[PDB]
Amino acid sequence: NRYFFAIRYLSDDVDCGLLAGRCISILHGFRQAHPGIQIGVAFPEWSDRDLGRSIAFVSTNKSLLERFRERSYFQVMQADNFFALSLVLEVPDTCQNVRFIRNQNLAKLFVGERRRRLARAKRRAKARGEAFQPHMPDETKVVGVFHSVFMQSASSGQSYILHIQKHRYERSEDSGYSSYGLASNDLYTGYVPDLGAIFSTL
Amino acid sequence: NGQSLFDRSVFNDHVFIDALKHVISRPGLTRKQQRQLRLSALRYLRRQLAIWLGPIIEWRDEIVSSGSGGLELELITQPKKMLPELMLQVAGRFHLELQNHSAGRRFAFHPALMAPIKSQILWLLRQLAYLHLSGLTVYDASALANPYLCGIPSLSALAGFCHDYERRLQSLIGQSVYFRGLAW
Amino acid sequence: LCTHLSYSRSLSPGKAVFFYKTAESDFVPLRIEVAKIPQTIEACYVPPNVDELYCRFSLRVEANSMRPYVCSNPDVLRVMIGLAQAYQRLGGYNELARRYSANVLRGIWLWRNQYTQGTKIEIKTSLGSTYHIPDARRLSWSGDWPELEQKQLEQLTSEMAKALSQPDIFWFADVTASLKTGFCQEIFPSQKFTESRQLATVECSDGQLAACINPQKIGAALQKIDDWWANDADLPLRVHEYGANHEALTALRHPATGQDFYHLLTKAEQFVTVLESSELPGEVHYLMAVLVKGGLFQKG
Amino acid sequence: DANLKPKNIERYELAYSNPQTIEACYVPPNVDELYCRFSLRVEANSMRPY
Amino acid sequence: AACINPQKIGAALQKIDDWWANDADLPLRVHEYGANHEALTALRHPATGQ
RNA sequence: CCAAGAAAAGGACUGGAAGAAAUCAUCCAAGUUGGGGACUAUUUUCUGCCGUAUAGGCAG
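Residue numbers (PDB author numbering), protein chains in the order written: chain C, 4 to 205; chain B, 287 to 353, 362 to 423, 439 to 493; chain U, 3 to 39, 69 to 226, 235 to 317, 323 to 344; chain F, 51 to 100; chain Y, 249 to 298.
These aren't lab readings, by the way, just hints derived from the structure by calculation.
Note that CB positions come from ideal geometry on N, CA and C, so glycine has one too.
Take the hints with a grain of salt, since some may be wrong.
What the hints assert, rightly or not - Capping the alpha-carbon separation at 25 angstroms, the derived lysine to any residue pairs in SDA-like fashion look like this:
#1 U:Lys17 with F:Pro79
#2 Y:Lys263 with U:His6
#3 U:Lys211 with U:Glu153
#4 F:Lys57 with B:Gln393
#5 C:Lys111 with U:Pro79
Unchecked claim - What follows is a list of derived Cβ distance ranges for each label pair:
#6 C:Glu176 with B:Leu382: 37 to 43 angstroms
#7 U:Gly339 with Y:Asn284: 20 to 26 angstroms
#8 U:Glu153 with Y:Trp267: 28 to 34 angstroms
#9 F:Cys86 with C:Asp18: 25 to 31 angstroms
#10 B:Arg400 with C:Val148: 54 to 60 angstroms
#11 U:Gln342 with B:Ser396: 21 to 27 angstroms
#12 C:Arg120 with F:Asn68: 40 to 46 angstroms
#13 C:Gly160 with B:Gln383: 49 to 55 angstroms
Could you put the whole structure together from the sequences, leaning on the hints where they help?
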């Protein structure tokens, strides 16, 4: 009921965080052309120390996934021997699922985010008419492990980082993927198979 | 034994010192002259590089072919294909050996000698990358050679053995075969 | 030369601490927040509703370059003594004092935190003086300072010129600066050196932690007054026996040139002779500056 | 080297720092004074050979 | 806690000896041979009879 | 083509009994480890809307 294909990086000096960002950007552009589609992003070479030198895409519609594979960027990168591409094939029925949820809460670890939050809070108080009296939290927080992907803004002058965590799957409800094929903590449920198996194919 | 495997006198040649000076060289001469002096020095030095590591390579070939822990012993025991990657380490040791010598204090780690030394070493590394009867066992040999003497078995018996062996081989090979001497 | 020769340091700060005032108490420390994520992330910024941040440190100056701490050679000692005095009586301490004094009033010891809406520097000393720079953002290495400010540079130069040259004067300065800041402006304290990064703090007597700048980091800024090489002033280097330049990864007084400390140390007999005929040249200014930042000068 | 040949060292090789581990001690912020104390005993013990 | 060693306090208290060379200068730590650490020498070398 | 040529040392077995290492003793006296010092750089983490909110959730 599921199809996938994978891409591996051939060069030993490849920067995974820079390069991975381009594949996501393409997925986004495709999503804009055909709004009613669902394609998920998986990292079959995910590790606790690094992101890994490979990426894979998973979906349910074979004919649509083929169209994605035909996108010119991928074809060029293969021709110049930067990428190794697989063919589209069926997902094995003997595996387990993971989420790949992204966490925007981690933004609050950096000064720039706190500044913006407070500036808005001050201005917001004028409607209430009360004096601006902010109240700060304590000194210690605990967070999980995450990796970064470098991203360019869409039709603007900015760039920023995506922060990716890996959660184990638990089954409930119905699904949907975000514009980046990523999962959200709430109200964006989906999953991908953790295809670290049969990777000897590339 | 915990001792250095390196040559004890490759650096004791006054010509070696001159060779270095020639690589360093001098202006005022024509291209042909400079190249001839330079190349000659390099060829000499090339030989010295082969000599310097000589006993070390000898150790390797002898031991590995025939059948601890120090790098100048273990890194040579490894596969010959790996040897080219030791170039920087060898070149390092080389300068150090010069640094520890009475004459080499004028040359070691001098910028002028860097590429020359490294190139010739790299070349060398890439380059690096009678009937004998052994192991015979005799059971119950006669230890009494003659009625007067016990000890080493009678030599008349070995001469005998050489010949019975020669006759058996001669009946197998059409060509004449003959045994001049025999060692024990 | 000789086997044993040492000088100790003649000029030194203690460390700098960041804090702010409230209506309830005069000293509230600026603190740092840490998340364990070990491998951590951390941040520090001025909190909402604090309009200005304070930074303070103390400085002692001692006339301790007049005599070798240790010397194993009576002839080396006779000369070094004659030289320091030959120099002292022609002036020249004024020049060194002028250079050190200019750096304190300019404020470069704030390193990366100079970018304020207005920085005010106030100095008090053990002899009863007070100095006031209403705005430190406009004073250059080279140029004429505006009136009433040029004057305080002269007055401060005089007190320090004495502190550096006459013994049994116990001279202390107490330097406080005020940083008028932005809405939630980020602050840059000293970092910890490790084998992610961590920041340095100090403990208060009540158990609270505070952000700080290390002693030698304040010191490295003050002594950056070496521009006597190559007849091209540019900006000054931190005094170093080899003229090291960290930004360009090079060295201006490389031993290969004959312009380093050790070549110059051996000509003392000739310099004293010149001073007697005296004009002070760059060669003796360099030497005096190094003796002030004392250290080991041995194994000749 | 023996104030003779200056060593071969390339220019950039001296711009590097030399890290070290040291112990140090400072008075903490806001202490008004520091105290130091010891005791001394004196004996009339030079009158006779031990 | 930080401390100063016993003999380090002691060396200071007994720094009393300006009886050599008929010129008081600064006093030395009492020593059988008149050792002077700052100058790395000795003021009552056996060769002097002092 | 060897002081040459050929060759089964085997079968059986009880070391036992018994014992007191003891009395005495002073390691002491003196002693300076010290001098000097930049963890940040060609960094990737910006810009907003909802929510009483430095909580929690979101688009680009």
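Going down the list of hints, with the structure as the test:
no.: 1; hint: U:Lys17 with F:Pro79; result: holds, 10 angstroms
no.: 2; hint: Y:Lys263 with U:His6; result: holds, 24 angstroms
no.: 3; hint: U:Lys211 with U:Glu153; result: holds, 14 angstroms
no.: 4; hint: F:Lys57 with B:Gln393; result: holds, 11 angstroms
no.: 5; hint: C:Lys111 with U:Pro79; result: holds, 16 angstroms
no.: 6; hint: C:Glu176 with B:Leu382: 37 to 43 angstroms; result: violated, 60 angstroms
no.: 7; hint: U:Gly339 with Y:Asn284: 20 to 26 angstroms; result: holds, 23 angstroms
no.: 8; hint: U:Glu153 with Y:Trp267: 28 to 34 angstroms; result: violated, 53 angstroms
no.: 9; hint: F:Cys86 with C:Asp18: 25 to 31 angstroms; result: violated, 59 angstroms
no.: 10; hint: B:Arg400 with C:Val148: 54 to 60 angstroms; result: holds, 56 angstroms
no.: 11; hint: U:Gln342 with B:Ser396: 21 to 27 angstroms; result: holds, 26 angstroms
no.: 12; hint: C:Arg120 with F:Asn68: 40 to 46 angstroms; result: holds, 44 angstroms
no.: 13; hint: C:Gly160 with B:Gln383: 49 to 55 angstroms; result: holds, 50 angstroms
In the structure shown, a violation is registered for the earlier hints numbered 6, 8, 9, in ascending order.
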